[PDB]
Every structure is written in C-alpha cells, then in structure tokens.
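Student: Each chain, written out:
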Amino acid sequence: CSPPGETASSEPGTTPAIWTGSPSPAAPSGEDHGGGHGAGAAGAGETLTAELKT
Amino acid sequence: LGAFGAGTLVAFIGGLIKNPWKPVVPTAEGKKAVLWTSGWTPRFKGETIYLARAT
Ligand SMILES: CC(C)=CCC/C(C)=C\CC/C(C)=C/CC/C(C)=C/CC/C(C)=C/CC/C(C)=C/CC/C(C)=C/CC/C(C)=C/CC/C(C)=C\CC1=C(C)C(=O)c2ccccc2C1=O
Ligand SMILES: CCCCCCCCCCCCCCCC(=O)O[C@H](COC(=O)CCCCCCC[C@@H](C)CCCCCCCCC)COP(=O)(O)O[C@H]1[C@H](O)[C@H](O)[C@H](O)[C@@H](O)[C@@H]1O
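Going line by line, the protein sequences match chains A and B. Numbered per UniProt numbering, the first sequence spans residues 21 to 74. Numbered per UniProt numbering, the second sequence spans residues 204 to 258.
None of these hints come from the bench; they were simulated from the model. Misleading hints may appear alongside valid ones.
[Said to hold, decoys possible] Across the chosen pairs, the derived CB separations fall in these ranges:
| no. | chain 1 | residue 1 | chain 2 | residue 2 | range |
| --- | --- | --- | --- | --- | --- |
| 1 | B | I220 | A | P36 | 51 to 61 angstroms |
| 2 | B | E232 | A | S29 | 22 to 32 angstroms |
| 3 | A | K73 | B | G233 | 43 to 53 angstroms |
| 4 | A | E71 | B | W243 | 38 to 48 angstroms |
| 5 | A | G33 | B | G218 | 41 to 51 angstroms |
| 6 | B | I252 | A | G54 | 21 to 31 angstroms |
| 7 | B | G218 | A | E31 | 44 to 54 angstroms |
| 8 | A | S22 | B | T230 | 28 to 38 angstroms |
| 9 | A | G33 | B | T230 | 34 to 44 angstroms |
| 10 | B | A231 | A | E26 | 49 to 59 angstroms |
| 11 | B | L204 | A | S49 | 51 to 61 angstroms |
We treat Cβ as the ideally placed atom computed from N, Cα and C, and that holds for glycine.
Just chain A, with the same shape it has in the complex:
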C-alpha cells in the first residue's frame, strides 16, 4: 500500500514570505524592556540615540 497523502497536485507554489515573529506570550508573560530610568515623561528609557546630518 501507498500512504494516503503524496504528490504535488501540479501546483507550483510561491516563495515563502519574510518571517515576522510575534512577541513571546508563552515564554514572556509581558513585554520585556531595555534601558531603565526615572523617565518622568511619556517614556524614553535609558537609551536614546541621535544622528548628525549635514
């Protein structure tokens, strides 16, 4: 006997889309954070960069 499911079905297929993972509910109960500070405002954390352009 042959297994029930095989063969292409003459269907070409499509290139897999770039993977975009989601946050981890099972492992992380909440959303992890980076830098910490007092941040008495809307929220900036302990990490804020800048780029100087000409």
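Given chain A, put chain B with the ligands in place with the hints provided.
Tutor: Chain B with the ligands only, in chain A's frame:
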C-alpha cells in the same frame, strides 16, 4: 487467588504503564502529546525557530 494475582500484577505493571498520548508538550495550540511535536513545534504563535547549525 485470581483476584489477588490480578491486583498484584496490576500493581507491578501500572508503575511502568505511561499514557503515550497524555498532553505534556506545550504547544501554540495547547498541550500536545510528545509524538505530535518536536523542537520545531511553535511553542507560541509567531515563534521564530532558527535553523541553527551545530558547530
Ligand atoms: C505495588 C506492588 C508492586 C505490590 C506487589 C508487592 C511486591 C513487589 C512483591 C510481592 C507481591 C506478591 C507476588 C505476593 C505473593 C507471593 C506469593 C507467590 C505467595 C504464594 C503464597 C499463597 C498465595 C498460598 C495460597 C495457599 C496455598 C494453596 C498454599 C499451598 C500451595 C503453595 C503456594 C505452596 C508454596 C510452597 C513454597 C512457599 C515454596 C517456596 C520455595 C522455596 C524457595 C523453598 C521451599 C522450602 C521451604 C518453604 C521450607 O520451609 C524448608 C525447610 C527446610 C528445608 C527446606 C525447605 C524448602 O526447600
Ligand atoms: C486483570 C486486570 C484488570 C485491570 C485491567 C488493567 C488496565 C485497565 C486500565 C484502566 C485505567 C485507566 C484510567 C485511570 C488510570 C490512568 O489514567 O492511567 C493510565 C494507565 O493505567 C494505569 O493506571 C496503570 C495500568 C495498570 C497496569 C495494567 C497492566 C495490564 C494488565 C491487563 C496485566 C496484568 C493483569 C493480570 C492478567 C495476567 C494474568 C497472568 C496469568 C494512563 O496513564 P497516565 O495518565 O500517564 O498516568 C500514569 C499512571 O497510570 C502510572 O501508573 C504511573 O506510572 C505514571 O505513568 C503516570 O504517568
């Protein structure tokens, strides 16, 4: 004798017997039995399982 033998053999063996289809492996679709899963089963939705090489 028959009842005692049945009970004693059940007592011996029941230690060994393990339900292979007890849902033990956590999965994005609820706990599942081991044979239905592997390291590639997404433990949570959208989980990124990298094809990591074994150096
Ligand atoms: C949760 C869990 C695993 C629980 C289980 C517990 C566990 C791990 C183990 C124990 C479980 C079990 C299997 C318990 C029962 C053990 C067992 C086979 C009991 C049988 C006893 C019984 C039910 C008797 C029913 C009444 C009846 C009709 C008795 C007459 C017929 C029988 C059974 C005769 C047996 C005769 C007998 C004990 C022979 C033993 C053979 C041996 C090693 C030696 C014989 C022997 C003897 C006995 C001498 O006294 C002696 C004295 C001086 C010189 C020489 C000898 C000699 O050669
Ligand atoms: C004549 C005997 C009449 C009784 C028939 C025996 C079979 C009936 C089973 C009914 C119980 C099912 C519901 C409740 C129970 C349930 O759900 O358990 C199941 C497993 O059934 C058990 O309980 C242990 C089974 C008992 C051993 C039976 C051995 C077969 C018999 C037929 C052979 C000896 C009898 C004499 C005949 C031969 C005569 C010789 C001349 C699944 O395991 P699991 O959910 O993982 O839990 C695990 C725990 O069991 C486990 O002890 C523990 O070790 C952990 O593994 C745990 O993971």
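Student: List in ascending order the numbers of the hints, as given earlier, that are violated by the structure.
Tutor: 1, 9, 10
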